[PDB]
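S.K.: Letter by letter, the chains look like this.
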Amino acid sequence: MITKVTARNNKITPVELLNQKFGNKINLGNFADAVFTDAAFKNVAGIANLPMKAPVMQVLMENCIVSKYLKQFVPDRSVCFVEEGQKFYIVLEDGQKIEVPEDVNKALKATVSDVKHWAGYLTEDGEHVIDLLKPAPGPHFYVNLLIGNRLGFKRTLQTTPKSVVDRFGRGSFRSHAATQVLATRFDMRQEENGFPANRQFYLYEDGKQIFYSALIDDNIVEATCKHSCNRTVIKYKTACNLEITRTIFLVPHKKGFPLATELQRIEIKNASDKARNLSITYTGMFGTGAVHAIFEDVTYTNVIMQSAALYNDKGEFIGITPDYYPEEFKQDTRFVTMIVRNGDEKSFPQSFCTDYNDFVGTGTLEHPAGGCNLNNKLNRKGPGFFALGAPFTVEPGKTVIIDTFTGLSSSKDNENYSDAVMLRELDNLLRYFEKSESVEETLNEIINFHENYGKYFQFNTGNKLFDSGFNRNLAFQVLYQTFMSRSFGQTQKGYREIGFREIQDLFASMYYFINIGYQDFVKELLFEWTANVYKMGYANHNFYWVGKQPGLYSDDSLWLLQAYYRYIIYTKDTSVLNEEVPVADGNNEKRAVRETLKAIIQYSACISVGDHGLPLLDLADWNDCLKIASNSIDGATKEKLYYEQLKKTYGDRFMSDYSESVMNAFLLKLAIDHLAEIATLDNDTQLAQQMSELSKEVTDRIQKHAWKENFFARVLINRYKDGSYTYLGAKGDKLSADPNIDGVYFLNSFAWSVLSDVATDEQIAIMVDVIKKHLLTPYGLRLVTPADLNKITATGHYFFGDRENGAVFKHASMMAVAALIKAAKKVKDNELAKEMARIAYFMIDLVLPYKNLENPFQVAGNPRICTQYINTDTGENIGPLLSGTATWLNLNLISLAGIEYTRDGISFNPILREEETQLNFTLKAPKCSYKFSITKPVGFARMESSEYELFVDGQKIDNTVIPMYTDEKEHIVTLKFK
Amino acid sequence: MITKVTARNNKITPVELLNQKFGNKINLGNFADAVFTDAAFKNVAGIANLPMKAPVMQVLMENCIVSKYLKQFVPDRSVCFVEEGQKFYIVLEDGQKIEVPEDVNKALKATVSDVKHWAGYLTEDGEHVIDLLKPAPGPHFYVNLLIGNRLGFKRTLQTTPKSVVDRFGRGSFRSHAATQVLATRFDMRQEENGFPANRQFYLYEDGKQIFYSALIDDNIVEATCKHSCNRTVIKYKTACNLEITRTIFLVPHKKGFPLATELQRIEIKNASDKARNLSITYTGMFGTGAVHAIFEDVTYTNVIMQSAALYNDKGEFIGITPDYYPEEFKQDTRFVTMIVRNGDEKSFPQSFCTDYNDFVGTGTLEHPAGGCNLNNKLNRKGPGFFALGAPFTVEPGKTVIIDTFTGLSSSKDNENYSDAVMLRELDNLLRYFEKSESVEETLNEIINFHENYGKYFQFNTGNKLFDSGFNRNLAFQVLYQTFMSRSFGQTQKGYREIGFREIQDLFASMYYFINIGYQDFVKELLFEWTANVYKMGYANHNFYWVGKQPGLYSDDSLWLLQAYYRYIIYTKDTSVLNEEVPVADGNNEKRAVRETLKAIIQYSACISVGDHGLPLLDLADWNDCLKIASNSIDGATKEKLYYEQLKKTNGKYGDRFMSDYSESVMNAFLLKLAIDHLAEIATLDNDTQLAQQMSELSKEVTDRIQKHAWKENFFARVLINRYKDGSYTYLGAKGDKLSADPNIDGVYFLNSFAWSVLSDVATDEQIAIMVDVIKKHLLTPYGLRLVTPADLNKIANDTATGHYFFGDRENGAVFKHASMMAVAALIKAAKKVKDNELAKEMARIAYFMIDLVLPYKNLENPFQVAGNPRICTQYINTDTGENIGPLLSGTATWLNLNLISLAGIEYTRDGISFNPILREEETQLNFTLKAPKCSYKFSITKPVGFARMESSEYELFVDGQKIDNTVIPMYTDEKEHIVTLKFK
Ligand SMILES: [Cl-]
Ligand SMILES: [Cl-]
Ligand SMILES: [Cl-]
Ligand SMILES: [Cl-]
Ligand SMILES: [Cl-]
Ligand SMILES: [Cl-]
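Here the protein sequences line up with chains B and A, keeping their order. Numbers 1 to 649, 653 to 795, 799 to 984, taken from the deposited numbering, label the letters of the first sequence in order. Numbers 1 to 984, taken from the deposited numbering, label the letters of the second sequence in order.
For reference, chain B alone in the conformation it holds in the complex:
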């Protein structure tokens, strides 16, 4: 009787209906916008010929003049606005073209003025300038990510502060782990990361509110946000002629500082001919220490704390701290302080509120009723809401500066901890920043540290958006992910530990740290990860202060050999192999890095193998949503069963019918090759020979049992005596959920068969054909083809296009691009190479953040930060902002530029775009420098198949391995393809 129509099942869209109605009467262009005028969807109001997709109608319908005019026609008639000439006209299905009245025309003209830049634009330095009134392409588009700096201090990974900042400065701020300084919000909308008050302030004049930092009213004439590397600057101009600048950054750690401090500087310039007496109220919400109790017992979170006030030596109020009763929430101590700088004079706040209800009173957060006159009452309960007040006079043409310091001290950086330690550290912070210029100097330390950091690799091309995008923005993101893994962002808000696997981030950032003198830090990290390997060779799946989930996932330890291979090959520092690092098993057991690397290979090569001598899948490997195994087991559980098996009968096979992971075999084969080269370089001929032979034995196992006519299988299945299911991931697996596709195909089977150097040239060609047929979509390379794994009872969680139901997972797509690039350099068939390169560049174009500003309202994403996946139904780039995408994009762009590090130096083999005639970049090495220049005619060119000349400091060279020089001089490398 009643009918249901879903958003996806709805037939025509508004724009398609507009075309059906007006397509043969006016030129609609190729972009238009429209909305249905009624709940039944029979008519549309639209606007024609836009320069790109944009929600123009929704911005128009905010205008009162325009909605009144349309009301004469809508909802009972369809309509389209057209600028046919330079006046606007309204057009009806009945042919009429009516000139709209002058005020409607003024408003339409103004609305459609700057549509090309509604999502903002990028400066030449890669910074995102955003208008605060314009709509958002999506919830991650207008977001920036900040990070502190604890390099050279205790426990860098675990103690580096981090925050998220949107275009109005909203969001939140953390110290160690998921410790909240400013309150995170866990609610319905992705846009709401923080409690709304966080970082916001009000200005008053004569008892009247005239400004709120997060409300654009008629008093605001200009309002812009600029997101840069590790700071955000938000600028306003009011009609009363004030110029307000908010600058937000995290303080780099110094001796004696709190573990975490966020600095917001507020500059207020009076651009008028008269002095003005104003007051500022600065607001925010401290995070609770009892995060779980937010869901389970909110009253608890409130009663366990009370507000407290801070006073200096002269009895002057300076700030607020939330005081906790339970000892478990007393190991961190939060604070907020404000300094008002009026020329010479510095002063502190004169009033405060610590109760949200008294502050808002009868009004709202945008217009609080108790916001000017603060009651100075310390709240006996939480939550830790604060409001700090101060009056001040700004003389004509002059500026007053308000510096706020918000932060946390912690036992994690201090022995014998109490709140006394916070008080000392806060004093150190405030003394260090007594001078006004002290803040500008630190901001410039930050800017310069990051500019310096990126100089490991600089592109210098005819495209400043790409250059700045890689040279600054991507460099920063790969730094960020080295410290933060996947643990914090706009929509990453829950507690996450560091994934053993996510040592991948170090694959890219390594070279950056080494080249600004932090080689010991990279060493530190290798060792921290190495301490999470058990004697038997498996790894803790996660660790933070301490490791957990021992050998839960089969792949983890294998990643470590790539990290070490990368470090040792680059620095030649073999001494790392003799280091005695704790084993994850505990006691006080230590083991030489060398013997650990041998144990990891032995676990996957000899012990935890299946019927075909390939590594066991266990619960799962890299692919987390591939859960099959009938009664998988831990590494600890396996260890105990392994030793009983040995009694009932070290290094022999653990017997079982468990499935085998082909991906792991590829990781293993690569790991072994890596160890061989390492041994050779370490002058250990026996280990090098042993591993070299083991590499051949594993290659033959894969080639014989995993190549399935079409593709490398993903999983080998051994538990059906039946022979009913034998493998998954190639033709004849009998597991497809698409009738048009025989078999299931995983992108990583291809990617790792090439990255491990197992696939022959004929097999690569074959797999590339399959990929073009079935994994390549108009939005890139999807992870897997549709599968029916129920045959070995879980249903899907996602509509088509999202995540595991057919998305382009950009991290996996970049691992596949790495394989394509590697193959394009080596395969004999130049035509195959050309095509693999085309695919690589096609996929890179879909991932480069800056390109999200071409068609931002369809593609969304974030123009400075890589996002996780592309919805294959809409093309939208979907968060989170932290993923393996940035790491592998970085590696890939450097690979395309031709840089690969080997034992004898740099193997130089660039693959440029067909249309490029020139590529230039600079490269730092620890004890030298390089300038590279590559020229070629239009068309596909590579060293394996084109004529070329290579010069190093003007001397023609036949050897394409360029040595790592140590003379501290800049070396000119020139490559001319004929």
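Worth flagging that the hints you see were computed from the coordinates, not collected in a lab. Hints are supplied without guarantee of correctness; some may be wrong.
The calculated EDC-like cross-link candidates involving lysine to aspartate or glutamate, where the alpha carbons are at most 16 Å apart (straight line), are [stated by the list, open to error]:
| # | chain 1 | residue 1 | chain 2 | residue 2 |
| --- | --- | --- | --- | --- |
| 1 | B | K4 | A | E316 |
| 2 | B | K4 | A | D419 |
| 3 | A | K377 | B | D964 |
| 4 | A | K4 | B | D419 |
| 5 | B | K982 | B | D964 |
| 6 | A | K208 | B | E62 |
| 7 | B | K377 | A | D38 |
Start from chain B and add chain A with the ligands according to the hints.
M.R.: For chain A with the ligands alone, kept in the frame of chain B given last:
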């Protein structure tokens, strides 16, 4: 170097500083208010002579005129406003008394106008009338609780809908368990139970916003909320002369209805001389099915759903449902519909929005930029925000009615479930409510069901606030807690299962249900609880669809005998004992109720006992924050160890389970009572052998307690057996050596006293002694606290620290539930003890404690005491006197029992044992009492002073026959019986 000053400090308060400065210069009256004018606390601005405590200064400082005036004096100098005549003056420390300017005087006069009623007031019917501008005494004060009605349908406990509504209609709404219909919010503030948009709407005129249901602006002239039993009515009058009425209630279940529906009716009357063309936009946020993912993965919650639109037979849009991909979130289906009634004609909404960002756009939720012209775009993603729009014209003097229906259908009430079932059920709902008067009729069904429900017991005294407070409000709360246990309220928002123990609620509500013909329902509940007892006699600690945590807590099964004793004694229905109910062990095993009650007693009396033959404490008993035991065990774990012990011993089932585990004295009292109960039941069932057996076992247990648990001062709480040392022997009396207060020898638990008397173990000499101890150490100016300070770290495995500041919860609060159990004991003793002076004193303490718990009294001094004037709260902070939530606790249940006990009603085998204990100042008490097959009118008169039947001269008559013993039979002649008691 830097100094820290917490909110808890010994510094002078603002009011005390005001007194120090102005006390000898102006009359400050009895009450004043003040605030510090600066962050250093050196000066105050205040106002003198208020009729009660109130945040008058804070309300004044909202006024722009007044804060400007004060700025001439503050912050550098102190000040006090004083009214002299009809003019206001400002007074300085330097004596000057300055007349304030006329606009400041206008504003001060208006502010201080109605200060006595700033927290609202109660109608004679016990309804709370609240002004929407005035401040809140606390986060639970302005809150109402609503409930559906699934009586006579499947699984009543688990399927009854419930919602919470504050004075602006904010909050949320649930179906089964913690299934959200409208979205709950889990954030920093206790005031924020729901997503802000829930239940709110906007009115437009000529494309201009003129009204928002949750914003009081200059256009609003009056704005009032009325909270009644199971509905809330919110009224507004605008300056443009509209009268808006919002009525909110939950729909009682009917055949074919959705499992949960909330109805909000919006009436808009044009009180002007011209027609007006308006439109309404009705908003809200559907709850997600993926609650955990709100913390763990918010993007997930968004992508797993999309919006969908609903259309009737004529292709007319009627509403929105959120459509889910994953099967796990497709077993419930939510909807929202709106009907606009303009006289005879009904119409449906003409537009919608399902995207919060498009709706708010450039503005805010209070003033949305996209709120008038809705884009009609179905959102491909969540969250399930909705906005429904409709234009309408209201003629002069006429009213239009907008009915909204929000709800959920579920597989939990339907086999072979799909969203098609929702569509059918929604159609049944909309057909049933086609006629305008259909809504008023259902509201009246609700009003009348509750008025009828309360007629089990009606007080008719010279105090309407007390009468309505007990007769309607408390009746309702005890109903609510029978269905909801402790699972939902303003600040109870997480998932909670039903505690075996919380069958206590049925102790009070039982009689109410029976007396409106729902005796089977009470029977159903007894049986549902009985199915969670295992063969061996222990119980699942929690159950919802299914039971869990088998014999985790030692007390649970013991409560069941009180429920049955209460049912059987009242109805005489012994047939319940032959009923075959499933055992919690599963298979298809059933057992007779009779043998289960025997198994419970055997478990605690014979099997799970310690060295002194008293029941084991195990992990814990009633007191959850009493965790000690070195390596406690489950009942299932115990069972398995018990059967191997019997093998390695040649034992007989029923022998003792051997261990050094501690014993619970509270459980011994529960046991002793349980056994007495079983004896009386057997006697009534004509089972003379069981009755004799239990009577003897009651004596044997009484001697064990009396010999091993009485410790010169008090009954111990716990007996400790694991120290060969003899280093610690007991906890809960003098010489236990476990006090954390140097001034107190020993630790004293309120429940040791309470249950020693409720079980009838304590002698008269022991009661006198314990009452002395209680007056010394447990009685505070804010009532009876649960326990005295203890140092349990000496005997626990842990090294636990406290979580609470002094006064809150386990650090010294008055837990009102425990205080009401102690008052029950005081009342029982006051009736029986030989010493009349002791009785008099116990009765004073009882009434003193009841006065601190009666909700209506929270409106005397509301801004210190807070609470809620219609609903009992959980505890009183012993530092401030504030009544703190949640709104659901054992307090209401035991308050109900206690007030009925004081009125003199106790049910026994021979009928009603009538022994009233009136207040000293009362000269008269009247009430009516329903019984299943008769009725009673009671009248009691006495002179001023303490009076009781054990020690005063009196006459007692029944219709006109003198009674000499206290017993009034339960008549069955369907007539009203007049009972008169005259104390001389
Ligand atoms: Cl994969
Ligand atoms: Cl994110
Ligand atoms: Cl990822
Ligand atoms: Cl207790
Ligand atoms: Cl509550
Ligand atoms: Cl309780």
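S.K.: Are the hints correct? Go through all of them and say.
M.R.: Now the hints, each set against the structure:
no.	hint	result
1	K4/B - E316/A	holds (12 Å)
2	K4/B - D419/A	holds (9 Å)
3	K377/A - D964/B	violated (64 Å)
4	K4/A - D419/B	holds (9 Å)
5	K982/B - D964/B	holds (13 Å)
6	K208/A - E62/B	holds (11 Å)
7	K377/B - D38/A	holds (10 Å)
Hint compliance for this structure: hint 3 alone is broken.
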